[PDB]
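Next comes just one chain, in structure tokens: the form deposited without the ligand.
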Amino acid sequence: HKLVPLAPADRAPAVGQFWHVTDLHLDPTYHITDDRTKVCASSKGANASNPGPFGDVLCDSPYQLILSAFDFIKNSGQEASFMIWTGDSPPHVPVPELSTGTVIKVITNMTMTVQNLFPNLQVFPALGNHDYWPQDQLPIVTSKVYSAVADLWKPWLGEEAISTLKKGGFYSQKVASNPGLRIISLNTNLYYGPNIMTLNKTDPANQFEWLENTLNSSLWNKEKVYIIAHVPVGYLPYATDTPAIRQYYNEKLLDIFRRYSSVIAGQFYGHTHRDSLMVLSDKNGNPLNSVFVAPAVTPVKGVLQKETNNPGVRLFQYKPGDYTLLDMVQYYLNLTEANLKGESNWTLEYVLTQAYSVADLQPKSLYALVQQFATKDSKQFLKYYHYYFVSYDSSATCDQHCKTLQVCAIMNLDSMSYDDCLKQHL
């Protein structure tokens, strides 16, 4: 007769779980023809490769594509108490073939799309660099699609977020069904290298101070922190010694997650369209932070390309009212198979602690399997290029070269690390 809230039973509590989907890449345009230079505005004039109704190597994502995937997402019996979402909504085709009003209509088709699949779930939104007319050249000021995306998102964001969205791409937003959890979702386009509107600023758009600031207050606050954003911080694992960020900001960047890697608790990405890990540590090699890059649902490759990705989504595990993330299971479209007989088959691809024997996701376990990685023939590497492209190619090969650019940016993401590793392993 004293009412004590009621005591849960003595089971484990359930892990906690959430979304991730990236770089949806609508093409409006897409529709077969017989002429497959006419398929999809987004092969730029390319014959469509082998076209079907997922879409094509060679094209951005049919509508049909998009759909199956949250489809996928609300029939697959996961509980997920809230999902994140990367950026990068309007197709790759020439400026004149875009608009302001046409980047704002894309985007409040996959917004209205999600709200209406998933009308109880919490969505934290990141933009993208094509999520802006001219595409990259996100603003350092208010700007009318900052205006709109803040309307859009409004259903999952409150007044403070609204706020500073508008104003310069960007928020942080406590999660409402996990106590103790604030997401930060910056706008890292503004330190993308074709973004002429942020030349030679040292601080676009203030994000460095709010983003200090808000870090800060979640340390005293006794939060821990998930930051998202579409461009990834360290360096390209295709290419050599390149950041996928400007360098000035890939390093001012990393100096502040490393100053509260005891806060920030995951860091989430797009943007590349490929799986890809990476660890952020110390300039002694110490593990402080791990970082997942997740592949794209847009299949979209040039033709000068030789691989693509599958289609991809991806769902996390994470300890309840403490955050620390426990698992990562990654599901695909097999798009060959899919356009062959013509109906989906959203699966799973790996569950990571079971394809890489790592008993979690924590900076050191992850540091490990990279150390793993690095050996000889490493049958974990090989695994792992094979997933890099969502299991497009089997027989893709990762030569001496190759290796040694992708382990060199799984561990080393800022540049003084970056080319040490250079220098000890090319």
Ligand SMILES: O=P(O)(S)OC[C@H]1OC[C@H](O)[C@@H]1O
The other form holds:
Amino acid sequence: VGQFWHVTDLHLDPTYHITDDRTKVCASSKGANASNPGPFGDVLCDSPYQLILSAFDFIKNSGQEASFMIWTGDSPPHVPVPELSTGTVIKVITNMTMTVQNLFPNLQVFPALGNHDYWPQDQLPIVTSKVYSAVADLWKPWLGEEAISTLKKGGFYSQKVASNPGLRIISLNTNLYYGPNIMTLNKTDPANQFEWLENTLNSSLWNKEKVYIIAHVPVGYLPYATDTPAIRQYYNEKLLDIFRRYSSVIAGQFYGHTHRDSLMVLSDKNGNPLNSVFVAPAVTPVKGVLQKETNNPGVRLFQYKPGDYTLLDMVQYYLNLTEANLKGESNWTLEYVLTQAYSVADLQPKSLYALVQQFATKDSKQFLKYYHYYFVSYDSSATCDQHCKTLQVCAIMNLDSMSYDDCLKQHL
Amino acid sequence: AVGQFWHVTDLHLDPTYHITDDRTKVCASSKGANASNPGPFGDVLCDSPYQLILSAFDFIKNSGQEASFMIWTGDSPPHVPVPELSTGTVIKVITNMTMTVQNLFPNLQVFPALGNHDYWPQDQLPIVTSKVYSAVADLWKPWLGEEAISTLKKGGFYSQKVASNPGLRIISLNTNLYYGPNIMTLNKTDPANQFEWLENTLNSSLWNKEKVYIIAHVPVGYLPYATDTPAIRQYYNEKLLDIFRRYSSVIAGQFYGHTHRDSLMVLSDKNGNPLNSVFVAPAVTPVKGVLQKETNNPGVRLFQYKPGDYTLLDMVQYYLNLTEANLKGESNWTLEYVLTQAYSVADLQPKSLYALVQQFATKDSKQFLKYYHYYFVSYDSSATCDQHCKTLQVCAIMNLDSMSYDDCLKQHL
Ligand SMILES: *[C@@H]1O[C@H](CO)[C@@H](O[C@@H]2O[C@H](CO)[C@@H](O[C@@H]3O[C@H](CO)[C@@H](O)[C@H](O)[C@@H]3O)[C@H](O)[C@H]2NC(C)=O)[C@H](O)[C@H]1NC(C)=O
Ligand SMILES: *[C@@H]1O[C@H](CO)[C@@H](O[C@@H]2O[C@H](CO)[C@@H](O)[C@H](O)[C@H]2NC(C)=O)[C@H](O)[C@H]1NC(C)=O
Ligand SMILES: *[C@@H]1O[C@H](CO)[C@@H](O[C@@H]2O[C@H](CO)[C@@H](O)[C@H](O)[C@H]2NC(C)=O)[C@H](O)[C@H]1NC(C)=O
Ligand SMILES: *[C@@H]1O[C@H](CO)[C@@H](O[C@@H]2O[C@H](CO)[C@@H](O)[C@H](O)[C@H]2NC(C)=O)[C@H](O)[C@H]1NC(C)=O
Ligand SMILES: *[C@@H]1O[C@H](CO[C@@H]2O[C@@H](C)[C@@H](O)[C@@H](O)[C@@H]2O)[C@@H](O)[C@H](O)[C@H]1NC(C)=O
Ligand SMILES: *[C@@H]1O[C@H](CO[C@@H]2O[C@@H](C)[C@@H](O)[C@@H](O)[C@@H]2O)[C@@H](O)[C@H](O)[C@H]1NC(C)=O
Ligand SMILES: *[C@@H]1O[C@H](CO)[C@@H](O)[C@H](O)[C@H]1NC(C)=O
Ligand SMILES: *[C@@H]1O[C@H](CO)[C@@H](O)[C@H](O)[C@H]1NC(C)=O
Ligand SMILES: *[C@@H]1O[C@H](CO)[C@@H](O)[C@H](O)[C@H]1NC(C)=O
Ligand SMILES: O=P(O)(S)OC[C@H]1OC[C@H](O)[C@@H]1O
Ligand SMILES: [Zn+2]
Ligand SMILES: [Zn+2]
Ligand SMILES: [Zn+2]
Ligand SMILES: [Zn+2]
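So the form deposited without the ligand is up there; where is the form solved in complex with the ligand?
What follows is the whole complex; the chain from before opens it.
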């Protein structure tokens, strides 16, 4: 099998620092006291460099052979806008990129921009900008001339996978569709990305290429909320239309942003599953004061069929933050292998569709395992009542507004 | 502020402890003798009731002293005849103490060391992997990385970084390999390869700019109440001291248990240069043999150190007045003394303690009278130490190697 790494939502806090005053440990705790801070971080803080470095060091010495890596964005930390700048955002993105380039000098890496990869956060523009030009220079070792051009202009690109003939990564800037982005309200095709996408998929079809879609913010519905698409409904519907029509060219979709481990199955209006969608959890464990849960840090690995790119498996690795802070050593370890964990043959839309049918059933243990993995095993005492469970299952299976409304109507 | 860490040792839980009319049934550890005057927190002829250990940890938890870590130097099973214990029962007691600690202090890194009772039969700790070594590796996994786990499983020792104190590394030796009653290690130059490993570890700490705390159960040096009786066999004491003297600029503290007493030692080179300070902490158990006239009150202690630096600033000894707690049926864990305050020294550096023990040596020194009262953790203010006793004490405090100690006894007995 071939395989590739997926990391996302690094969220470096350069001010991380263990000290007596726990309000003064990380700017990302937002002046609040870190709750239980260690060298690898705190649930109220974004990532210390030690955390991110231990993640990449684990990948490097994992004994796992991978031919590329996808990196779906969000490197700067959660601090107030006035505490950041264009210069500081570029500095953080540069530090992450150089960390990866130094540690992995021969691995092609496919980054996507996240909503924090810009100053001010979430305001990613539909024309060229300092941040887009900067990341185009930063990621030149991995991208051709045409990808550099589109990235500099709109924050998105496509690129052939050098080590995998017949595979192409499409890296979308889905922050253009993200609710908080006040730069793109009421535009029908912000930065022409839709027209660009269709052109690119059309060319991949005729060059007999397979396509992996990557982006930061995903399609579909936020699984913990009611009727809340991750991106604006209008853009979600239009993107999903493109994905459904090209579902035989697209062999996988990969997203981050939610900081959780979620599955989705893109389906038609009739219940034919068409593509498999994978939302990866964050390296940062950060949470607000009120939130009951957060994720353990996570990195993950995908296995696919050589020269074919059908997804065969996924391996989710994680770091137990409380224990790593307890002993002062990062024990990055196997959380689960998807096929083994859910007893499915592979990751094809059909296998996952049948597995989520099992999820639906009453007191499904499959769904309990899934819910425990949603938080990257942060808390097995976490529970999901039947309202919670309906919201989750309906978001997993129904990506478009009408399938989703029908699911909630029939099952809430 | 300053950094602080706790030291507990020799818990010696007796799970049979039990107030009943027949005082030969109060505790297996009295070995059928009549408990003297048993109360809820123990008896001088018994090992620790679980109520006593839990009161010690409860006091630590609710003391209002912050601490970034704890060291725990061994001996959890009680003193009962070998045929009354087993490997399974030893593991069961060790597990209970570990879980008690993890339950009350879930985010406190603890650094355990094995004691000579932490094995069945007692004292027979082996030089290869074993049921108990594996089990405690399992048990202590939350606090220890992969390399520590590997050495612990094989020989019962490890080193480990202090998560909360970067630049600090705990070395937990298994000195029971050197302990006279250990029949598994006779005529062995480096049992379980611990010396070789220790030297390697210290060399690594040198080049990684780490300071080191040595912890173990059985101490180096000479038993302060006897003549010419090293706590571990002479051959091993000399070898270990040679290592400690050579690395005494890297080692910022040594901490031991086993003697159930409050004792100081100053490791010195052959010319009296005080090199490195040694703290033997008294036990939680108050157990004593029938003929034995004195024993210790239960004790636990706290060390203060310079942050990012690990020079030792002070030590606070806390104790339980056993008779008082048993009289009312409620404990009152309380300050026995602060070392700088008790002895008017500036800190815990070798030079400061060296000067202090020079004062000890003077005739009718009040400093040494206070020290000898604290030796039993204040168990008897009428316990006295004649001039022979004093010479044994002072010479054991200052002279850890046989040559030094012989020289001291010659000049002063
Ligand atoms: C720990 O608590 C015990 C019990 O409270 C303390 O022992 C008690 O100490 C008092 C004061 O010395 C003793 O009373 C005195 O006895 C003599 C005659 O023996 C008498 O002349 C005095 O007027 C006074 O009554 C008392 O007997 C003794 N109790 C027991 C059970 O031994 C002990 O001092 C405490 N330890 C520390 C370090 O404070
Ligand atoms: C991550 O590590 C922590 C600490 O080592 C684990 O916390 C323990 O969890 C169990 C219940 O799940 C309790 O019985 C223990 O008392 C907890 N703490 C300690 C100090 O023992 C936690 O289980 C680990 N996470 C996972 C997914 O295994
Ligand atoms: C450790 O052992 C103690 C003492 O045996 C436990 O507390 C006792 O639990 C037993 C259950 O067998 C009860 O019969 C006793 O009444 C309890 N109290 C006393 C004072 O004996 C304690 O629960 C154990 N702890 C762990 C973590 O296993
Ligand atoms: C590092 O993490 C792994 C995974 O949690 C630990 O290995 C497991 O340890 C548990 C607890 O003893 C066992 O139940 C599992 O069977 C182990 N699995 C494997 C594959 O070994 C490992 O011990 C941890 N290392 C340290 C030093 O804490
Ligand atoms: C879809 O693509 C067709 C083929 O495009 C040409 O050939 C492929 C192999 C690529 O090299 C591509 O870049 C070339 O331009 C076009 O003939 C057709 O016009 C396209 N259709 C649309 C609607 O864009
Ligand atoms: C003493 O240590 C020196 C330092 O190098 C170490 O190398 C590896 C093994 C790690 O432990 C690393 O942390 C250290 O920097 C060695 O170069 C030297 O050979 C060692 N000498 C002896 C005699 O052991
Ligand atoms: C943080 O906790 C400390 C507890 O010592 C308290 O003094 C301080 O006021 C707290 N600050 C905030 C912002 O909660
Ligand atoms: C990135 O920042 C970290 C944290 O300040 C620093 O340790 C590291 O050297 C930096 N790396 C690069 C390549 O700038
Ligand atoms: C213990 O004391 C009881 C009651 O005074 C006495 O009958 C018994 O002989 C004593 N047993 C031993 C072993 O000393
Ligand atoms: O990192 P962000 O893009 S601000 O937000 C994405 C995730 O982290 C915080 C939010 O609650 C959401 O779960
Ligand atoms: Zn994020
Ligand atoms: Zn985001
Ligand atoms: Zn003991
Ligand atoms: Zn002992």
